[PDB]
Amino acid sequence: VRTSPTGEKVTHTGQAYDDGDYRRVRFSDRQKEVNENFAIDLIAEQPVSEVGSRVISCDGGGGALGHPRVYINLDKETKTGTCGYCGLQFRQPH
Amino acid sequence: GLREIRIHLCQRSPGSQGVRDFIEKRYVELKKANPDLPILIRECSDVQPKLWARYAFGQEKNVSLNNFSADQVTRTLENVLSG
Amino acid sequence: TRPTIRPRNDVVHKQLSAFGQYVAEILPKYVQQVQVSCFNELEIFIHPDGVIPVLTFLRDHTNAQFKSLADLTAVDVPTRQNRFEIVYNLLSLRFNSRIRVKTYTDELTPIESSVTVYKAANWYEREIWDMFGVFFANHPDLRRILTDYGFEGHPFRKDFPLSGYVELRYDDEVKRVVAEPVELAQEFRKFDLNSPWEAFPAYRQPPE
Amino acid sequence: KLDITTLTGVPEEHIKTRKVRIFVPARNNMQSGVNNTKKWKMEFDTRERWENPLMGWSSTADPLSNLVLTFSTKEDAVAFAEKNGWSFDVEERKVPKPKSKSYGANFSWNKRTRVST
Amino acid sequence: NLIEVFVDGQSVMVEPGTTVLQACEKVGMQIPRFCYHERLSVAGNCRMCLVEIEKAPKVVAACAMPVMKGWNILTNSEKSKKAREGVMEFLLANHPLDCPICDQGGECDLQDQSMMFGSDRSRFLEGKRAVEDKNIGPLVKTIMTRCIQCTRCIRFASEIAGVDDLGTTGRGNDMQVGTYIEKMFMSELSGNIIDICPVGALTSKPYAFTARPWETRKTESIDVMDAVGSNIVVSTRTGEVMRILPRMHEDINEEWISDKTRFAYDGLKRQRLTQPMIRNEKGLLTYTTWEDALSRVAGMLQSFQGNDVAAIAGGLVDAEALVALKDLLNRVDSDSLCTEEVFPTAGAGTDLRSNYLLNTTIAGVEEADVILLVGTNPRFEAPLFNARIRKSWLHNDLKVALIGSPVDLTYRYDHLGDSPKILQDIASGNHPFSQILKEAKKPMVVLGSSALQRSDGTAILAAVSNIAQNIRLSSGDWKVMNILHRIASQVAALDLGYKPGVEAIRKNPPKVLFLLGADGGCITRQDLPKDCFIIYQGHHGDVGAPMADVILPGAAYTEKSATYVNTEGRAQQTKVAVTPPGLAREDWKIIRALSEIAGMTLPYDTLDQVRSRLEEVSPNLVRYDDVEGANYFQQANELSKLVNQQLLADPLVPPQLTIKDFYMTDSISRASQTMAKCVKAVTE
Amino acid sequence: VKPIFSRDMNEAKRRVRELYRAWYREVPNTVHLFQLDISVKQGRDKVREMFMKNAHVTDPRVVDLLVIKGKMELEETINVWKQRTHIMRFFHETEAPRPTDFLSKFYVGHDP
Amino acid sequence: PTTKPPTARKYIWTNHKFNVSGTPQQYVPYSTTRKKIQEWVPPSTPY
Ligand code: SF4
Ligand code: SF4
Ligand code: FES
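Residue numbers (full-length UniProt numbering), protein chains in the order written: chain S, 29 to 122; chain F, 15 to 97; chain G, 43 to 250; chain A, 58 to 174; chain X, 43 to 517, 521 to 729; chain V, 43 to 154; chain Y, 98 to 144.
This is chain S alone, in the form it adopts within the complex:
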């Protein structure tokens, strides 16, 4: 969570009120609600799973408590396969 030049906390969306914008007045004696946890950083931090099959399935964990099951192709060595919903990354060993 970076801080804009005006001193506002930039959002994960990247939203920050410019110095010219008058809408910053709404936080004059109040606070701007910003979620410190950023999804992109946390999803980056997750280790890349290595699976020895060309096609793997990610349910997001928990079975019915996760996301619809999708099958990811891992043939490309250059780039790791990424779950559309979960965002976890997989690649074939070596």
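Quick caveat, the hints were computed from the structure, so don't treat them as lab data.
Hints should not be assumed to be uniformly reliable.
Short derived list, chain V residues pointing at chain G, Cβ under 8 Å [as the list claims (entries may be wrong)]:
{"#": "1", "residue": "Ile46"}
{"#": "2", "residue": "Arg103"}
{"#": "3", "residue": "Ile110"}
{"#": "4", "residue": "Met114"}
{"#": "5", "residue": "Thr127"}
{"#": "6", "residue": "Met130"}
{"#": "7", "residue": "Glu135"}
Keeping only pairs whose Cα atoms sit at most 20 Å apart, straight-line, the calculated EDC-like set for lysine to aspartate or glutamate is [said to hold, decoys possible]:
{"#": "8", "chain 1": "A", "residue 1": "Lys58", "chain 2": "V", "residue 2": "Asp50"}
{"#": "9", "chain 1": "X", "residue 1": "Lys247", "chain 2": "X", "residue 2": "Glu174"}
{"#": "10", "chain 1": "V", "residue 1": "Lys113", "chain 2": "G", "residue 2": "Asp172"}
Note that CB positions come from ideal geometry on N, CA and C, so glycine has one too.
Could you slot chains F, G, A, X, V and Y with the ligands onto chain S? The hints should help.
What follows is chains F, G, A, X, V and Y with the ligands alone, placed relative to chain S:
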């Protein structure tokens, strides 16, 4: 001072037959006689043929050419040219 | 077998069809069409002049004792010249059956009031007049119900926007609630949901 | 010469200053279905939409922004517009012209219609 | 010789060779399909078109089975429904569960046909297949895992686009569509594969994740990027343009739009002129109220008259704005109303409409036997016209010849050469192609507007008219003379009387120059007098705006209702999709407001009145979607011969030689980031 | 065509005259009862304006229907069904003047 | 919760905050999307 002339005729209406005859026969001579005068020929539908003469400063006058023979159209255009 | 599909009762279908033919024979002056839906509901289509005669016939026992006006309403279909379709729902407690009578009208053509025959159609006709534009002739007291006292438009009319044209707020300058043109902070988002593929081939209209 | 304008209750600005478009909606080119192209539609002219200062939601002042009507035929829509006193523009229905399709043409001996794959 | 067939017992007369599906359309029944596109060739791989014919043991594919007399097509029999359910199940067996995140979601033929003709549950108890995604360019986001091998993309690329780079690799369930190599699918009509794809395997990268189909409001409009006049649907949500989709118009654009038309709307989101701007004391443009800037230009207009005040019209301006500005300048007795494109004024010029129109309409191209293209690259200048040419070439065996620089037109053509003298050679009859033209029953000659922009444009037009007159002498209803314009506003301006080319302004430098969206740069401050007062009225600030004393913000084609006339002479009206940004206003309203302030109030006060004025100036302008036209070739050719200009020896070279040129050709295209990305893609 | 209340335009005009009479005499009672701050003349002028709004109508049935609506509004005003807010809604006091010349409209907004 | 502890996740707050209405910590609504239309920047040179 004439600035442009607009001629409106119907492609198949009987009223525009004379204007069509003027276009097919006399238009080439008219353009030769007045090389730089804009004589815009346009098609109008289910309305009487008309001749529009835009003078200096935007003043325009329209003369109905409905059921005019080619000679009558030539006379009308010549009168507009002479002023 | 076939648990999902609704069971069909043919006996009621035949009974309703026979009674519909009965009604058609008795009053051919007014009935234009009678049809029985496959969920066993009978509808009789009547010329606008026949609202009082046919309803009175249905109430009085020509083997029919429909003595209770279920509900009275209109359906505005703009395409038809008579954009309003006046709909009568009747229930016969003696024969434990219900039939529907339907008639049409325009914005400028009055329809005779049914207060005399049923007496329950007073408020129903008032609501029809207030929402739809239909005027009922010979009504004991035709005035607006369910709309504001000064309301100008006729809602439910398929032309009236859902948000209307006026909005009310309190104004401190005049110390009064004042109407103002509608200005929505979030425009109602129109969703185009109809699928490009036909769903029911049974109802396919002729190509024409 | 039917005029319901006085009786509708619509304010005069929308009666006079609005142009209503009568048309058959074109097929959404993303889909091959044609069921949504079989009925005439009446749609009003688009007006200003601005962002709400508080939340950025699109705000409007046009009451008839979302009003759309379905008509079986062009004449019915025209009659409705005339009776309501709305200036109307009618776009003629666009029908797919008949096409000549031959699976045999994909294997023409001398013509260019032969398909490489 | 109509034969009688029955669809569900209803008699329908169809011509021999009609497919079963077409007869079902004749009776109104839309047979479910996944591989059949009427524009494309028949393939018969979807298998969803399997319908039962009465008394026939085996179901047949409606898309690929010609009807036989006496056949009764049972479109809702149990066999037909069971076949549909089985095919749908096989399609959905391996298809990924990507509907929530697939951009196609909400407008997916697979989804709708599953809801209508498929089972409501899955018996597939095994793993699904997964396919590595292919990169085919910066425009089409590809998820091949969702592909159903409908082969629409392949057949489209082969037939319409003409680029044979997409194909099927492998066999069996492992068969994959896409380039076997890392090639990029580059073409004008490349974006149309996104539309043609039933599933979200091929989707729009700029449009990805932005919006869902049901949210969007659809507004029917006309494109302005080219003079083809393709009909489009502007999809807007919450007052913001989301995407541009093609709209079917069989005469103009069948179901396709150019890549620039499809993807340049992003330019409307950037470099917009939102407030009036006036030069301050330091010489810097500063935002000002409408009243102040309008008063400034009104005083300047009052001060000068005649040739002192002049107007230059850009490629993207509208007919209403044109006529408003024309009347305003005429009220100061100025006829120096000039377009940025040059059309030979000598001869009839703008006097006869047939002189500056594609007389043989785009639909006419199909009937033609021989087309001679002079100094034009139709693939880049008018992509849909080139697509029509290729369609005629593929189906009608059209013979095409080009006089100009050799370019890839996606179809084989005879390259006569690039020297203009070949026009004289054809006209005299020494050239062999003259004989082919004479033998041709329906010959067609097209002279691109770009060639006319050259110095020898008058001579080139005279030579082409000589070719056409020789053709007519050898052998009517058919028209052989056509001019292909590359700028939308050109035809309308010529109809309204705007003088083609900026030459008059060069002859008489004006004290006050009003730039109506003129970003071409033909005229600059150096050519003008030093103290020239320049007014710029346009949506984007590209070239004209930075050199303007007053900037009047104006609306774009998406933001106004206006009349644009295509190369065929067909007049079409755009419809308002979003409100003009900021303080910007519709152009004709701006001209009328300046007229009111300057004391010369134009008669029209509403859009309908402006259209009435257009009807006064040119009746064809208000006759929408009419290409009736008139034939005046005799008079124009006779006028042409009076002058004898000699063509220069420079070879005919189209301004656009490679697809890199096509992407950025106007203010909207230049502003777009997507077009810049495409330029980087092709260049690098 | 079936007449609502009048078979001819003249009869509808007679009904309009009656309705106008009734509104005219009711206006002072409305001012007194609702404690409105407008003058009787002002209200009657508004009545005249409202009546002239429908003057262009050239169909007897439409006139009759308008008369019915006028009668209903008059019954509301005669009773205290309408509040002071409803009565003053005729006088668009809060709403700001909307200029009608072209130049003012051009300045203010994109509206036609 | 002592008998059956809740599942431990990193994103879950470690200190529960009561209703903060009427306090400087009160939530203030605001748009979370960036500017849609970008205006032209006039050049800084006089000409
Ligand atoms: S393309 Fe496939 S994943 Fe996408 S919406 Fe259609 S069926 Fe669902
Ligand atoms: S990528 Fe799309 S268009 Fe191409 S074969 Fe697959 S489903 Fe068909
Ligand atoms: S698309 Fe018709 S058989 Fe496959």
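Structure-based check of each hint:
Given hint, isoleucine 46 of chain V at the interface with chain G, holds; its Cβ is 5 Å from that chain's nearest Cβ, closer than 8 Å. This hint holds: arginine 103 of chain V has a C-beta 4 Å from the nearest C-beta of chain G, less than the 8 Å allowed. The beta carbon of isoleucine 110 of chain V comes within 7 Å of a beta carbon in chain G, closer than 8 Å, and the hint placing it at the interface holds. Nearest Cβ of chain G to the Cβ of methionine 114 of chain V: about 5 Å, under the 8 Å cut. The hint holds.
At a threshold of 8 Å, the smallest CB-CB gap from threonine 127 of chain V to chain G is about 5 Å, leaving the interface hint in force. Interface restraint check: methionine 130 of chain V against chain G, minimum CB-CB distance 7 Å, threshold 8 Å, status holds. Because the smallest distance between the Cβ of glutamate 135 of chain V and any Cβ of chain G comes to about 6 Å, under 8 Å, the interface hint for this residue holds. The hinted pair formed by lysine 58 of chain A and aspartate 50 of chain V meets the criterion: a straight-line CA distance of about 16 Å does not exceed 20 Å.
As the CA atoms of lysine 247 of chain X and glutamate 174 of chain X are separated by approximately 18 Å, the hinted pair is consistent with the 20 Å bound. For the hint pairing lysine 113 of chain V with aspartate 172 of chain G, the CA-to-CA distance comes to about 14 Å; that is within 20 Å, so the pair holds.
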